[PDB]
Structures are given as structure tokens and as C-alpha cells.
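Selected chains from the complex are presented in situ; the others are not included.
Per-chain numbering from 1; labels A, B and C assigned in written order.
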């Protein structure tokens, strides 16, 4: 009756997701039963417990042997094969793979998990191609249980799309520009080193690094009305977690900063409760470590010019908040498992 | 015949300005003859030579005694009094004070230098009140030699205003929003500590810190047409120097990214040569250390949506590039010294 | 019954101390009744709650008005006067001042609190001059209840002295060298700026910075046998909290690494329980945030050469661990009050 889950890629998102589930395990339809990763259970149990961002895991004991990670008695079988086609998904009765490696985001790549026997794959990133893309709180109720491969979009998409949805329905978004000032991630280089992206090649804790954001295209996938009407970039900066998106929209209905804030506040108390948090506090990025919302609107920073040019600024914990939404999407898939 | 200059406040800008002048001394109408600062000549000579950002000064020898800093034979008299009214400006025949403390930006405050005998004051920051404000390359030819107190605006203003001027004349700027992702400065706190600004209170090398930017108001002072039509914020991040401004404008004439770039490129080769640099390279903040331009347009990041919503992104060395412009303004004042 | 406490200087240590007390308040003989600081209660309440290192305080509500900071319904009266002679210690019935400003470490300075009406002062730093100095777990039982001004030494002294005491009693320390690789503190400069210490003047988050360590002299104060037999330095590095001391000792009784570790482990389970923690885990500085021990021996790093040359390495949370010891010392004084 439980949906048996395997994590492919036990990295920042894979381990954040694991810790999210461990804390919510009592009210879950999911059971994490397997991990595939490039490393071994003892190393991965150590990293699961000792986290530079989340701190030491305290809720339960974490141990390992040659074959398993044990999280408070719960045994998670471990394997290590970079080729998903070889994975023991039928042998372990895996229902859902959390695809968190970053390297199987195409349908062809993610489908290797289906070939190995898994029933469904949830990619923790934008998909490449015609992969259904979901943002919880924006369009996840359109998920169809017949879909075998889905995308939870990116961290920035999950922060920006709920805000855009609210603003679009209140004021009509005609065009919108985004810039996320974003913590560095493991895709960037610690010191200057080769990378397909010549700026992500550059020492990440030393530099402001312009690059792409998945939200530039992904928001238009979860709000189809606005497809082609948004664009923007990322500026990676020397913080290890927590990000903030700056969104400037050309809107149809004239407004003022106060009304924009009130509209988002009301949504955060109703249709978007638990997805958008509304804050009037004068905080900084460290203060949002561990926040469960997809988006925290920083209301003091809202601006409007000429009625139609709206600026909003929203925080997000790109590791933990996004992993909470991966878990929410997986729970939703399990609730609607045909 | 030389304009005798005193530096008040031998900080990041005061010392960057000093090093700018030392490198351009052969073609200068200015002679730096005095320093007032909270510290002593030996400490300040050490900091002038050994700079964590600029490296070790190599062009000439820097030494000191109880009374003077010596920069390649050139003797700079030193004093240490926090109250400008007490300074020896008449006794030293000071013509121009470079006001770089951050604490005398009002007319009443800066005028204390005039009381002490200086003839003119150049504030290295936005002024408080009705202080004439200049950006070299935008409106500095409107300087009037009768003005005894002037402002060189802020680093962000000097980066953004030249770009805005070019865009406004080509496309007509109706409204514009700005966010500078900006290196931390000494006004921020190394660890959490009291500050009039509750976010600048927070550990600067640990945090993304939203705060004010002088450019939100100062661009409208140097381009009067756009007064009240621009607004925006700063996000201070954990880099020690070099900043980048993101500008999203609602424009009257529809355009596309290519045309925006070509317009700025042409200006950078003509009316704005030496003020705006045009770059098609995929660089990061470290690469712009020491750049002399007020603005470096990052052309690969230009975006337009719906013809009328324009996004441009420009780099600036907020210490060195700004200090080059302080020097340019002072040279201009000296050239027009009545 | 309660010893009434005022905090002078509501900085990193003042606020860490406050949070230590708030969490240990049920068994305490201390009542924090007053704060003097350069800032106002609203700013200081904000900083008490929102801490970049400790996270958001959530055990109890924290608020403020013009006169008080409120912590879980406990009203803490606030004043703001840089001269301790002016403080309302008589009117507020202050028994004990926690002197955490960094600028009243001499008897003449700290005694201004006594003139103002306090009965005793606990300096959160090495004293200047003849100030009785204590390290809990090393010599705090020698506390003389007639003393009116005492010192809790420094963070590094509290880490190193317990280990030195154990090693000296087991093996006989003849000489010892120390280097603490130490997080930066607020005494250092965010960007290059004047400082009495020409290296602490230098941008703290981008440099390794050699400087003094208070433990070089203070360990010999709390272990008088070893006066003049130890020396060392600090290397300040770009982490905001948690430090590690490297101690190389020349010992009389020849030993080997296994025996050194066994001796310290046994002490940590008995006479040094709660002061020294013994760890064989392969951890890094982030993992010791919030650790309550004065010293965490990193047993895997113990080395011995030739029988008599002993190297031990010990972690410490220089903000929180030290503040726990400040609280322990204040509680000891309150339990031995005269």
C-alpha cells in the first residue's frame, strides 16, 4: 500500500529530500527503500548525518554497513551503478524513482529507470523535451496518473511561479523579467576549472557569476498563459544556500506597492497557504535557512512605477524548500496512484 | 597654478583615489598635499601600500614619519581630527577637499571644510539636500565654478546613469527598475552588530543583504527628465569588490536585444568612450577588478520582451572605477577653476 | 535570592550569553535585569532574535519598546551610555555586570561599574593588569568570594587550558607552543581599514591573518606552574565562528599518541566531564557550532614524536562555548556570593 521510493543521486537534493521525508515519515504514503549513488553507504550515511547547512541530524540514529543505510531502524538498500539501466528496480519493487543526479533530465535518460523496472520517475529539475512539469500550488492538480516521467521544475521556478500566478490573476502580467541572486550550487566550480558554461567554470565562492535560470522557461510551462512572456537570468553569488528572485512585471491593471503586497498576503493566507509566505520583516538570507515555503515575499521591497511596472522580491531555500516540494509532489503522485 | 587637494577620510575610496592620482600624476592639474583621517601616517602609509584588493603598490616608494606620508618623494601632510572645523585648511592653502568619510554628506557637514578655509568640497557620495550632483559623462559639463560643494553621486549611480542616458535618448525611458547585486562595503558589519539599517547589521560575508542604493534617487538628479521615474534596491553579497546592476526599463520605442546592444556599443565608441565599455565576453566579477569604465555592459545578458520591456546588465568596480570618476570630476573642477 | 545581572555591551558575546541564560533559566541563580549598549532596545531585540550564527530564537517571544527588551515575558531594562560611571546600577540593584564591550578590561575601566553601584564585574576577556582570572574546569574552584572584578579569560584559553591541565598532570609539560586557526571576530575589519594591529586591519573574510592569542599568556595565569613555559599565535581565517587550537608540547614523561588520547578521554569522562569532549569522528568546523564543551579533542589528529613531542588538536565554539563558560562562572559566583 506504500509507494516504494528509490533515490537516484544522493547529493544535496537527494539528501535534503531524505531528511524531509524522515521528518514527515509518520504522515507519508511513501517509503524510501533504496539509494543508488556514485559513493558507498558508509560515506553517504556520514554525509546524511553531518550536513554543513542543515546541521547534525538529531531525530534518529543514522548508521550503515556494506549494503544499507539505516535511519532509525529503517533499512535503505544501497547500490552504486552510474548506468540506470542496470539498477535493481524490479528486484526491489521500486514504484517511484527520485531522479536527483542532474544527468538524466531527458525523457531518454530518465526512461532508463523505467527500463530497469521502476514504474514512475520524478526528476528534481526541469526536464529536457516534452516532460510534464509541475509546481506544487500552481498546477500540480493537473498531474495525470498515467504520466510515467514528470519534472518538479527548478528551485527558482518553484519560488517565482506561485508569485507570478497570483500577480497574473490580480493584475494581468503582459511581460516579466527575472533575476535570481542565487547561492552557488555543486554544478559550479570551487576554483577555476573547465565547464560547459564558461562562467560557471569560475571560482564560485570568489565571484558574482551570471548564468542561466530554469525559471526563465519553466514558469511558462506551469502557467501556460504566460509562455513566451517571461525571461531572465541568474547571478550566482558566494553564499552556500538560500536565494532571492527579483521579478519586474509589466501589468495590465494599474496598482501601487501596497495593493500588490495585500494581494500576495491574502493569497498566502488562502489559496497559496504553505506555498507563499508573506513577510514584513527586515531579514537576510541566513534567516530563511530551513524555511518550508516555496516563496517568501519580502514585502518591504515591493515597488511600483507608473501603475503598470511592478517589482517584487521573494526568498527561497533552494535546497530545503525545493526538497519539501519534491516530497509534496511525490506524496501527491502517491495519493493519486492508479 | 596647481589645485591643492586634501583627502578627508583615508578609507577605501580615499586610498583608491590616492592610488588613482599617483598613477595619473604626470597629467594632473591636482596636487594632493594633505590627509585628515582618524588614524596616523604610519598606519595609513602601510594601508596605502598593502591593499587586499589592489595589491602592493609598485610604482613608487611609500614611507611615513610622525607628520607625513611620502609617495615617491612627494610629501603629503597628515592630521587627525574628527571635526572638520578644526582642520588646517587655510594653513595648508587647501583648494579642494575630497570628502570621503561618509559622515559629512550634508551641506552643513561638508561646509565645515569651508569654514576651516578650504575653497571647495567634493563629496564622494550622494549629497543630503540641495547639493549639486554630477556624473562624469552624463552631466559634469553643467558644473558651475561658483559651486563650493558638489557630489559625485554613488558607485551605482555612476554605472547606471550613463546607460540610462543612452537608452533614454534612443528609446525614451518611461519607467525603470534597478537592482544592484553589490559587493559588501565597510558600512556593513563583519558579524551581526548594531546598525541604523537592520539588514546592514548582519554578517556581511555570510549573507545576501537587501538594502538601499543611492542610484534609486541619484540617477534622476543627473538626468532631470527621469526624476521620479526610476526606483530600485541593492542586494549586498559576499564579494569584497566589484558590483553589477540589473536595469529593467519600460521604453516608448519598441526594440529588440540586438538593437539595444548596438546602441550602447556605438555610444561606448563615441559620446561615452571611456565611460561605458561594451563587452561580449563571458566574464565574472573578478575579471572587472581595476576596470576604469564607469559601466561595462554585459551584452550577452541583454533581453527585451514585447518590444517595450528592456533588461540590461552592467558591471562596475565600485572602488576603483568610482575613484577614477572622483579624480575625473576633480580634474574637471580644476580645469574650470575660476 | 537571585543575583541581579546587567550585560554591558550587547555584542556577539553579550547576546550569546543572553541566549545561554534564556535556555538555562530554570535552574539559574541569576536574573538578567538590565542591558547597557551603544544601540537601542528595538535594534538589540532584533539582533537577539535574528542571529546569523545561532539561527532564529524560537523558545520564547522576543520583542522590545523604547525602554525594554522582552524575552518570554521577562522585561529587561535597557540604557545607552558609553561611560559606565553613568549607568543606573544602584537604582536597578545590579549585583553583577557582565562586561562584554571589549573596552573595560583593566581594573580602572571595569571599576567604573562599581562606582555606578554594581557589586561585582565579570570581564568576558583576559583582564588588563592584576585581575583574578578563571577558567571553569581548571581553577574556578579557587574563586575568592571577596573579589569584585574577575576575568573569564578568552575563548582560546578556555579551549587550551583544560587540555594543558590534563597533559601536564599526566606527562609534565616542560614547554608548549600553540597556534589557533581561529574564526574572525568583530575586532577585525571587513575591508582594509585602520587598526592598532596592522594585520587585523586587513579584510577579514579574504585573508589568513596572523595575530595575538590571549591564551599565550592566560593559560599560565590559570595554571601557575606553567607561567612562562607556553607561547603561541593566532591565524584568523575566513570563517565566522568555531576555531581550532593546535598545541605542540615538550613533555617530561615519554608517551605515544594512543596513551595521550587515553589520558584525555579518561579526563573527559571524569574530572573534565562537560569541559573536554573526546571525539574520534572525522568532522569539520561547521559540525561544532553550538557545542557546549570548552574543548573538543580531535583524537584522530593526535601525534607524538620521539616520546616527548606531543601534538594535540582541539575544537571550540568561540562564541557559544565561551558564553556557556561565562554563564558557568557567573553561576559559580552567585553560588559563592559575598
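Throughout what follows, contacts are C-beta pairs under 8 Å (C-beta built on N, C-alpha and C of every residue); 3 or more make two chains touch, one makes a residue touch a chain.
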{"item": "Number of identical chains in the entire complex, 3 depicted", "value": "4"}
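One rule holds for everything that comes next: only the chains that are shown with their structure count from here on.
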{"item": "CA centroid of subunit A to CA centroid of subunit B, Å", "value": "39"}
{"item": "Residues of subunit C touching at least two other chains", "value": "46, 50, 52"}
{"item": "Residue ranges of subunit C touching subunit B (in the complex, touch as defined)", "value": "10-12, 15, 37-39, 43-44, 46-47, 50-53, 184-186, 188-195, 198, 201-207, 238, 240"}
{"item": "Subunit A residues touching subunit C - in the complex, by the definition given at the top", "value": "46, 50, 52, 55-56, 282-284, 286-287, 289"}
{"item": "Sites on subunit A touched by subunit B in the complex", "value": "174-177, 179, 181, 198-199, 202-203, 205-210, 229-233, 235, 237-239, 242-244, 246, 248, 250, 282-286, 298, 300-301, 303, 305-306, 308-309, 311, 313"}
